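Protein chains: 2
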Amino acid sequence: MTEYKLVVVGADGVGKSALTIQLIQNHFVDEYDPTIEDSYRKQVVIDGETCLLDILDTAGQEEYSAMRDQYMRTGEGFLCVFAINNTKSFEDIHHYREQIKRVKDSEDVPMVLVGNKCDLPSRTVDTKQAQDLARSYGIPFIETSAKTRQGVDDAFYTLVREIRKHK
Amino acid sequence: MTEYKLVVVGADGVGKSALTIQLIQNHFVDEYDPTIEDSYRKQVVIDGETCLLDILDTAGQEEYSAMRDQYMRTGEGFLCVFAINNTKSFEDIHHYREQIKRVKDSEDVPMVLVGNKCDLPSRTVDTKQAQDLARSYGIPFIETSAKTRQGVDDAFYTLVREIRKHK
Ligand SMILES: Nc1nc2c(ncn2[C@@H]2O[C@H](COP(=O)(O)OP(=O)(O)CP(=O)(O)O)[C@@H](O)[C@H]2O)c(=O)[nH]1
Ligand SMILES: Nc1nc2c(ncn2[C@@H]2O[C@H](COP(=O)(O)OP(=O)(O)CP(=O)(O)O)[C@@H](O)[C@H]2O)c(=O)[nH]1
Ligand SMILES: CN1CCC(C)([C@]23NC(=O)c4ccccc4[C@H]2c2ccccc2N3)CC1
Ligand SMILES: [Mg+2]
Ligand SMILES: [Mg+2]
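Protein sequences appear in the order of chains B and A. Take 1 as the starting number for the first sequence in the deposited numbering and just add one per residue. Take 1 as the starting number for the second sequence in the deposited numbering and just add one per residue.
If you are wondering where the hints come from, they were derived from the structure by calculation, not from laboratory data. Worth double-checking, as some hints may not be accurate.
Any copy will do: because identical chains look the same in the list, a pair fits if it lies in one copy or spans two.
[Unchecked claim] Think about it this way: if two alpha-carbon atoms lie no more than 27 Å apart in a straight line, the pair counts; the simulated DSSO-like pairs of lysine-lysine are:
#, residue 1, residue 2
1, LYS104, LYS5
2, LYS147, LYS104
3, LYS88, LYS167
4, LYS88, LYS165
5, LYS167, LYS128
6, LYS147, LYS128
Excised from the complex, chain B in its bound form:
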């Protein structure tokens, strides 16, 4: 059964863990428990194909930034997450992108830009600004909410589709 190694990356607090847990447990976690490194395996059906998703939920805290090199070498696709109510998290996206491109030594790494917390009314990042950044990278952009589940399945399925295109 085809396996896809997906890695969720982004600034500390954007909702990487909440997105992953919502996808896998169908449960929204309101608590903030900073992650070191957690991994999940889930069997799903995407476009009629049964897939195994190997999801790595990474640390946004810079304390654990030395762990990035190994997960970027093995990761097949990257979910690059920012929060729509956190200007700094959007600015931190390009750093994750640049690091992934450098480790992979490639410009066409499967990625999806995710603008999380779209359920909140405190927006500080314009959807247009995010769409434009995704165009400069030539990657899809999807807005999500780990709380309401808006766009969650779409963000992970799209990333799997990006890996399939690249194979």
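Got chain B; can you put chain A with the ligands on it based on the hints?
Just chain A with the ligands, lined up with the frame of chain B:
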């Protein structure tokens, strides 16, 4: 930082995932989503020492039995879980222990016998009988409930102490 590699093993349905999620997230999962393989890295203080617990939540489905060798080699201590309302799960304990002993090529591997679902009134395994089994193995026995949190911290901390007391 001292790291402890803990592996949660047992028959399908005993509550391995519910115990792990209760330990880490302090809530009880009513849903039954069979596990393939999930991992968690969590920082905790045990006996005044800051520890890193690497917890592997394994598959109880007998279909994934070929995956056991690798996690038994890597694992330092094993939480051997049965459910007090499932006699097959209690008898399956012997098979998990014999497999661990064989991979490790040792008779004294850190283990803790856990009798989960102790909140339920449908008991089929007497506490005395579980206690006698743990005594024959020379390991600690604790009854737990992933629902009420009874014995959960004690089961994981005791296993860390077994790894520590073995070193
Ligand atoms: N309203 C709302 N809150 C969210 C959403 N996603 C995550 N959160 C909240 O933001 C906080 C951080 O979520 P978390 O999943 O821990 O973020 P993280 O990026 O994994 C944190 P770390 O990098 O340290 O592991 C939590 O309080 C969580 O409930 C969302 O889509 N909507
Ligand atoms: N009453 C009660 N129910 C529990 C307890 N622990 C787990 N359960 C329940 O048993 C079912 C299976 O729990 P789960 O944690 O998935 O068990 P598992 O051993 O991980 C199953 P698998 O081996 O396939 O991964 C769920 O309905 C869950 O709510 C408990 O301590 N008490
Ligand atoms: C016991 N496994 C549990 C799964 C694992 C955490 C991790 N899976 C790997 O195969 C692997 C191999 C080398 C380095 C990193 C990894 C991880 C990885 C990266 C990207 C996406 C998923 C994911 N799964 C590794 C440890
Ligand atoms: Mg996290
Ligand atoms: Mg499980």
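Going down the list of hints, with the structure as the test:
no., hint, result
1, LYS104 / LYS5, "within (14 Å within a copy, 29 Å between copies)"
2, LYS147 / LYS104, "neither (33 Å within a copy, 44 Å between copies)"
3, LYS88 / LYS167, "neither (33 Å within a copy, 44 Å between copies)"
4, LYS88 / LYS165, "neither (31 Å within a copy, 46 Å between copies)"
5, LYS167 / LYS128, "neither (30 Å within a copy, 57 Å between copies)"
6, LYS147 / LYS128, "within (22 Å within a copy, 45 Å between copies)"
Taken one by one, the earlier hints fail for this structure at numbers 2, 3, 4, 5, listed in ascending order.
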